[PDB]
Amino acid sequence: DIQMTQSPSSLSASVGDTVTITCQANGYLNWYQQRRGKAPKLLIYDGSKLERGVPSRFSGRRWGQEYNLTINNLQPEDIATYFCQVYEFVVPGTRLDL
Amino acid sequence: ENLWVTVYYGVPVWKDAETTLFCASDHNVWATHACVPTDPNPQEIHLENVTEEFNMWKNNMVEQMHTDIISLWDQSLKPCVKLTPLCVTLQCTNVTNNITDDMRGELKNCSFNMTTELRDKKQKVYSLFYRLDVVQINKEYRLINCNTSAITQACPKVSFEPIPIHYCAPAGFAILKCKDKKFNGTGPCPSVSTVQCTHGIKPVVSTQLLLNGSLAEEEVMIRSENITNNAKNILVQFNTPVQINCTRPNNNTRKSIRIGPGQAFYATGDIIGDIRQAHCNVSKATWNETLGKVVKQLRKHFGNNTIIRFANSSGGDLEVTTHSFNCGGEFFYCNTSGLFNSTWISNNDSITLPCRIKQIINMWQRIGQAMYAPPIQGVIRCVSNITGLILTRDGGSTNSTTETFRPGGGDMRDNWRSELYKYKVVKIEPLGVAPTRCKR
Amino acid sequence: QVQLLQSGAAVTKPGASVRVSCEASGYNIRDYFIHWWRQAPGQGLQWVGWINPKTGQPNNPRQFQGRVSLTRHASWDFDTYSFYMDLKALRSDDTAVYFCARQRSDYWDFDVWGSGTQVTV
Amino acid sequence: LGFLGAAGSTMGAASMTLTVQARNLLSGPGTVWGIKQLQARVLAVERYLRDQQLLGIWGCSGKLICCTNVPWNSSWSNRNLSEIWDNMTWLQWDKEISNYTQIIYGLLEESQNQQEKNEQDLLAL
Amino acid sequence: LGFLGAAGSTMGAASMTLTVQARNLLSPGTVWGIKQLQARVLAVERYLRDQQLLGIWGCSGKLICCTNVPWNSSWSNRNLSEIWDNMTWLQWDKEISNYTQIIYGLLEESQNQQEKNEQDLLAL
Amino acid sequence: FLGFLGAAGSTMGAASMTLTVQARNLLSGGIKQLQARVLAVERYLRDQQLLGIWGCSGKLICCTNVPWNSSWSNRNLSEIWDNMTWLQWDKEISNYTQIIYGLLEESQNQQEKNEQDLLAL
Ligand SMILES: *[C@@H]1O[C@H](CO)[C@@H](O[C@@H]2O[C@H](CO)[C@@H](O[C@@H]3O[C@H](CO[C@H]4O[C@H](CO)[C@@H](O)[C@H](O)[C@@H]4O)[C@@H](O)[C@H](O[C@H]4O[C@H](CO)[C@@H](O)[C@H](O)[C@@H]4O)[C@@H]3O)[C@H](O)[C@H]2NC(C)=O)[C@H](O)[C@H]1NC(C)=O
Ligand SMILES: *[C@@H]1O[C@H](CO)[C@@H](O[C@@H]2O[C@H](CO)[C@@H](O[C@@H]3O[C@H](CO)[C@@H](O)[C@H](O)[C@@H]3O)[C@H](O)[C@H]2NC(C)=O)[C@H](O)[C@H]1NC(C)=O
Ligand SMILES: *[C@@H]1O[C@H](CO)[C@@H](O[C@@H]2O[C@H](CO)[C@@H](O[C@@H]3O[C@H](CO)[C@@H](O)[C@H](O)[C@@H]3O)[C@H](O)[C@H]2NC(C)=O)[C@H](O)[C@H]1NC(C)=O
Ligand SMILES: *[C@@H]1O[C@H](CO)[C@@H](O[C@@H]2O[C@H](CO)[C@@H](O)[C@H](O)[C@H]2NC(C)=O)[C@H](O)[C@H]1NC(C)=O
Ligand SMILES: *[C@@H]1O[C@H](CO)[C@@H](O[C@@H]2O[C@H](CO)[C@@H](O)[C@H](O)[C@H]2NC(C)=O)[C@H](O)[C@H]1NC(C)=O
Ligand SMILES: *[C@@H]1O[C@H](CO)[C@@H](O[C@@H]2O[C@H](CO)[C@@H](O)[C@H](O)[C@H]2NC(C)=O)[C@H](O)[C@H]1NC(C)=O
Ligand SMILES: *[C@@H]1O[C@H](CO)[C@@H](O[C@@H]2O[C@H](CO)[C@@H](O)[C@H](O)[C@H]2NC(C)=O)[C@H](O)[C@H]1NC(C)=O
Ligand SMILES: *[C@@H]1O[C@H](CO)[C@@H](O)[C@H](O)[C@H]1NC(C)=O
Ligand SMILES: *[C@@H]1O[C@H](CO)[C@@H](O)[C@H](O)[C@H]1NC(C)=O
Ligand SMILES: *[C@@H]1O[C@H](CO)[C@@H](O)[C@H](O)[C@H]1NC(C)=O
Ligand SMILES: *[C@@H]1O[C@H](CO)[C@@H](O)[C@H](O)[C@H]1NC(C)=O
Ligand SMILES: *[C@@H]1O[C@H](CO)[C@@H](O)[C@H](O)[C@H]1NC(C)=O
Ligand SMILES: *[C@@H]1O[C@H](CO)[C@@H](O)[C@H](O)[C@H]1NC(C)=O
Ligand SMILES: *[C@@H]1O[C@H](CO)[C@@H](O)[C@H](O)[C@H]1NC(C)=O
Ligand SMILES: *[C@@H]1O[C@H](CO)[C@@H](O)[C@H](O)[C@H]1NC(C)=O
Ligand SMILES: *[C@@H]1O[C@H](CO)[C@@H](O)[C@H](O)[C@H]1NC(C)=O
Ligand SMILES: *[C@@H]1O[C@H](CO)[C@@H](O)[C@H](O)[C@H]1NC(C)=O
Ligand SMILES: *[C@@H]1O[C@H](CO)[C@@H](O)[C@H](O)[C@H]1NC(C)=O
Ligand SMILES: *[C@@H]1O[C@H](CO)[C@@H](O)[C@H](O)[C@H]1NC(C)=O
Ligand SMILES: *[C@@H]1O[C@H](CO)[C@@H](O)[C@H](O)[C@H]1NC(C)=O
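Residue numbers (the numbering used here), protein chains in the order written: chain A, 43 to 140; chain B, -8 to 431; chain C, 3 to 123; chain D, 26 to 150; chain E, 225 to 348; chain F, 4 to 124.
Fair warning: there could be bad hints in the mix.
Chain B residues, not near chain D, derived (Cβ > 10 Å throughout) [unchecked claim]: (1) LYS49; (2) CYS71; (3) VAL116; (4) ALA162; (5) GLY176; (6) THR177; (7) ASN272; (8) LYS284; (9) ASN296; (10) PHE331; (11) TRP335; (12) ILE342; (13) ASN353; (14) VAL370; (15) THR392; (16) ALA425.
Capping the alpha-carbon separation at 25 Å, the derived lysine-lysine pairs in BS3-like fashion look like this [claimed, not checked]: (17) D/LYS120 <-> B/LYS6; (18) B/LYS172 <-> B/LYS246; (19) F/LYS62 <-> B/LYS430; (20) C/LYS90 <-> C/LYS15; (21) E/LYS259 <-> F/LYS62; (22) B/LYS69 <-> E/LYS259; (23) B/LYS223 <-> B/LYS287.
Because the hints were derived from the structure by calculation, they are not lab data. Using N, Cα and C, we set each Cβ at its ideal position, and we do this for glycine too.
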């Protein structure tokens, strides 16, 4: 019985501000980034582990069901859609803005 | 205090380790001569007060067993003849079988020129090839492998019958068996016992149904790496067997065709009698309530009000859409869509499965080396006992009260996992240092 | 050097089948499952199904069962693998974009996604 | 109790059956099984000889139970004698000192070298 | 006398010549290669098994060695006066080929008891 | 910790402290590799058998009853133990090795028969 819940439906932040996108779920959660309906990319595999080549701005932490996606020092590239995945289920994600 | 270090050699402590276990066995593809004789009376030392953390899926006995089985297959196929001349243009007509509508082309009477003992001469010969063995190039055909790989004909004297092979660890290593019943596949096991060799593990190459395996002890047991994941095949082990009677009712006379000096090609010459269809019979009153036990044990994992549906294979290769196996030397591929069609809501009749026979076999999922099983004289009939299933869940939006289970593909590591689930290999580290009052 | 090309966008009337192609190369294609994802415009991703490259076995949800077929074809030497997704009975709801992704582990980390194939109905 | 029978037994009760584990340490390409099993046998012989050389380097050659002059550092284990030889087993104890094994081995080697030197000087005079 | 020369000599005469037998116990690209390798591994394993058997009984590194186990008369009813003068080792092996296992087990148990007693004595 | 063969160029007085370092590295570990490992094991067993035949079993520094013949070397103790390394001394007793080994074997033989005569009074 997988469940997913993402708290920010809409999201606006200034450049240089730390943002936290909460996705509560049970099981192996991975974080991805989609820009303007173009192909996704894997930011975080498992709770915290970072993929090769990803910027160090993004990081993840695990405590209980919740995961935070602590991104620090937002830049012009970081404005995009961000979503969480457990196995086959993907919730519609937030959208960073300025 | 005044304690001092004392060295003890030969203390009972072990750690996880990987080693090349040897084979003990009580002509075959799996060489009985090459393996050492087994012990007449195996020793099972029960380790009281020992809890051991087993793991089915990271067990290296499965990988070593698979490598050994593949190498045995290759070693058996090495000295036998090569059928490179057989990849030629074949004029194929229908074997005289009235008009059966569908399934008429399952046997094709194909004529071809073959080489002789003399290189300068050829001979027009004929042979009966299955539909799955050939592909059209109106009457021109060729063997299906002629673009992908080359075939080696399996030696006729060599038999494909499984023999029970016991995997014994070398000196300095121990094999811990988890005697605990209802032990799923992983984690703690408080009933442990060391053995010299594992039980007789028949290497049975099968898909969708494990044949001639261990029959569990108490109840039907379901084991998967993670139940939540769909990609992980579910291994089901029955507590009672389901008998299956498989038969190839065609006589299938065999003929010898000299392809070269000292090389022969065994080819079906004539079916003596009515042309019939191979099949497998499963008892209906047994297979239902066997599925009942399986559903009762799946509802523990997936919830009490779930509707457990069983459906046939979604697609894929022939080895996976159909229960593939080897019966007496011929390779059967049975539909089994009548077995897996059910819907279970929480609240002397036989199932006949039509089997297609094949001769060009690409075993162990390998591409680049194919085998040609020779024909077998006379009718062949075998009685095997289904002791389990491989399954795959549908996944997707499982939030609804439905759970579709389809038969699973043949990796053949799942076949060895169902037999080596209780066994683990450990290395004994005899050296130890403890504190005691004594001094030199 | 892992690379998952996808076919161009296609337009077809309802009830006529498509053939979405995904060409995988640059890596050992056999050990990693290739999954399919479907994104309606202005909506989150949805799962279409995975296909084992070694055995060819599809697995699809009950929503897409009976319509979607996942197949795979191998060239000579198996360096390039063409994964095809075919939808049989099309409908106005199916107006989405299709990605082919590569699961790499038990984590279901989809390291490499395809460019996309806009199927318009 | 047979081979590895005293595994769940306490340390003291398992010190009486060191022989049954000592014997089973040494009780055991043209073909698929040939070269790999021969390599396994050579590896087993090498492991046994490394263990025997380690025993000989500490002065405990030919002895299943052997005492040494190395004091027991309290940092290695603060537990007393009664709760070691009557409460715990050998598996748990090996898990406890798994870090400190190498330091203890080095101290045993150093102590035996010092003892051999002292014995040689004493015998000389 | 050379290797195995005292096989016909009396037991006491061979007690002083045990060393030459003891020394001569250690010493597919080609048909000879792998077979010679297997023979060498077998010889090494046999020698180490013999040495381990010697060491478990407390007779490590010694050709001749007393033991605490009593010579139970059930194994042989014979007088020491004529065994060491009018008998050869092959015949002696032929008489007591049938109780070697229990004698070896008794030697193992006796040396384990002796080592435990030495540990207890050195404790205080 | 000088390391493996570190004391090879120092005098014997500092070289005898590091016997364990070179003793440990005699058992560090296709057909050719297997033959090399078997030969290494056989060489180690030959050395240990030679030690055990002289009664020096499990003893790096072992004192024996064999007298030192002056014909083997005319030098004195201080010159041997404080002027030359082990390599020079090995070069200096190259041809006298087998005689010393035989004398050690005979002396240990005499010792064991004497011990058996004494213990069986
Ligand atoms: C699991 O079980 C399911 C059933 O539950 C099986 O699905 C069946 O698969 C068989 C495969 O042979 C199908 O039979 C073939 O179907 C084709 C389609 O037939 C109809 O298609 C549409 C239906 O919407 C209609 O418009 C159309 O008029 C047809 O009525 C046909 O192409 C086939 O017939 C033709 O080919 C054969 C051989 O070439 C000739 O003999 C025929 O004369 C004809 O030319 C054929 O009938 C069958 O329809 C499927 N059933 C269902 C209910 O979908 C799965 O195959 C099975 N899976 C496994 C792995 O076993
Ligand atoms: C199958 O995968 C699931 C997750 O998809 C695994 O679930 C794991 O369950 C254990 C408990 O059995 C979890 O440990 C728990 O962690 C937290 C610590 O904050 C806390 O809730 C509990 O105290 C407990 O320690 C573990 O984290 C969890 N894993 C994940 C990723 O959520 C399950 O073990 C897998 N089963 C297999 C491989 O058989
Ligand atoms: C599972 O195990 C059963 C029982 O061992 C296997 O059935 C046996 O298969 C062999 C090989 O074909 C049969 O031997 C043959 O029998 C007839 C004479 O009866 C003859 O045609 C051949 O010369 C040959 O000897 C054997 O009779 C048969 N056993 C029984 C009880 O029928 C079965 O093949 C195994 N299933 C697998 C591996 O899938
Ligand atoms: C397969 O076809 C061959 C011909 O290619 C058949 O062989 C002929 O059979 C008839 C039967 O009346 C004989 O008179 C001919 O002499 C045969 N010709 C040959 C061998 O060249 C053969 O019977 C067919 N087999 C079947 C239908 O099972
Ligand atoms: C060898 O030849 C066979 C028969 O032509 C090929 O199988 C067909 O390949 C085409 C082209 O991709 C497909 O459209 C057909 O559906 C295939 N038929 C089957 C699988 O029955 C086969 O691909 C060739 N081998 C290769 C390319 O390795
Ligand atoms: C069929 O399954 C059953 C249950 O495991 C097996 O039948 C047993 O056969 C042995 C001899 O091999 C008998 O001693 C047992 O009594 C039988 N069991 C019962 C419950 O009667 C049989 O071996 C399986 N078939 C195979 C392996 O081909
Ligand atoms: C396997 O068997 C099934 C049924 O046994 C075949 O699928 C169709 O089944 C429906 C009923 O569900 C029948 O009305 C159709 O006639 C069956 N199709 C055919 C072609 O007979 C299925 O085709 C079989 N699979 C094979 C032969 O690969
Ligand atoms: C018989 O063989 C022909 C080729 O000669 C093939 O096309 C056909 O399908 C087969 N069946 C019938 C019924 O003619
Ligand atoms: C066999 O050889 C003959 C020789 O004349 C040729 O005409 C015929 O077409 C060949 N048949 C096949 C099946 O290759
Ligand atoms: C079955 O799996 C669960 C998974 O949480 C594990 O805790 C349990 O110990 C397993 N059962 C046995 C008998 O090992
Ligand atoms: C299988 O055949 C046996 C005889 O060999 C028979 O007793 C049994 O009932 C059959 N089982 C079926 C048809 O399911
Ligand atoms: C299978 O057995 C179950 C349990 O006895 C029963 O409810 C069900 O109706 C049976 N299914 C059949 C006869 O198809
Ligand atoms: C289940 O599928 C089989 C496939 O052969 C079919 O014969 C059978 O009628 C189906 N069962 C039901 C209840 O429709
Ligand atoms: C198969 O044919 C042979 C002759 O080739 C015959 O003796 C045998 O009885 C036949 N077997 C049957 C019809 O089962
Ligand atoms: C297991 O431990 C209990 C105490 O927990 C003890 O009484 C029993 O003898 C032990 N069993 C063994 C060592 O076989
Ligand atoms: C190593 O020692 C630390 C404390 O110093 C302890 O927590 C740890 O468990 C030890 N390691 C193992 C593998 O037991
Ligand atoms: C047996 O041979 C030895 C020498 O090998 C000799 O001393 C002895 O006298 C021989 N026995 C008899 C009865 O002459
Ligand atoms: C033991 O072996 C001897 C010699 O082979 C044989 O004659 C005898 O019957 C066996 N049993 C006993 C009790 O000595
Ligand atoms: C090398 O020679 C010097 C000369 O003074 C000496 O002190 C030193 O110990 C020798 N050995 C090493 C290993 O440095
Ligand atoms: C041993 O004698 C040989 C001559 O046979 C001589 O060349 C060699 O140097 C001598 N070795 C010594 C004295 O170490």
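Quick rundown of the hints versus the structure:
{"no.": "1", "hint": "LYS49", "result": "holds, 20 Å"}
{"no.": "2", "hint": "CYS71", "result": "holds, 16 Å"}
{"no.": "3", "hint": "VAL116", "result": "holds, 36 Å"}
{"no.": "4", "hint": "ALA162", "result": "violated, 4 Å"}
{"no.": "5", "hint": "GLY176", "result": "holds, 22 Å"}
{"no.": "6", "hint": "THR177", "result": "holds, 20 Å"}
{"no.": "7", "hint": "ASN272", "result": "holds, 37 Å"}
{"no.": "8", "hint": "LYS284", "result": "holds, 34 Å"}
{"no.": "9", "hint": "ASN296", "result": "holds, 43 Å"}
{"no.": "10", "hint": "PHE331", "result": "holds, 36 Å"}
{"no.": "11", "hint": "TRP335", "result": "holds, 43 Å"}
{"no.": "12", "hint": "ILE342", "result": "holds, 39 Å"}
{"no.": "13", "hint": "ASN353", "result": "holds, 21 Å"}
{"no.": "14", "hint": "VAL370", "result": "holds, 34 Å"}
{"no.": "15", "hint": "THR392", "result": "holds, 46 Å"}
{"no.": "16", "hint": "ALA425", "result": "violated, 7 Å"}
{"no.": "17", "hint": "D/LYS120 <-> B/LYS6", "result": "holds, 10 Å"}
{"no.": "18", "hint": "B/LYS172 <-> B/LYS246", "result": "violated, 52 Å"}
{"no.": "19", "hint": "F/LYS62 <-> B/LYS430", "result": "holds, 19 Å"}
{"no.": "20", "hint": "C/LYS90 <-> C/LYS15", "result": "holds, 12 Å"}
{"no.": "21", "hint": "E/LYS259 <-> F/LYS62", "result": "violated, 35 Å"}
{"no.": "22", "hint": "B/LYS69 <-> E/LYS259", "result": "holds, 23 Å"}
{"no.": "23", "hint": "B/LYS223 <-> B/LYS287", "result": "holds, 20 Å"}
When each numbered hint is compared with the structure, violations occur for hints 4, 16, 18 and 21.
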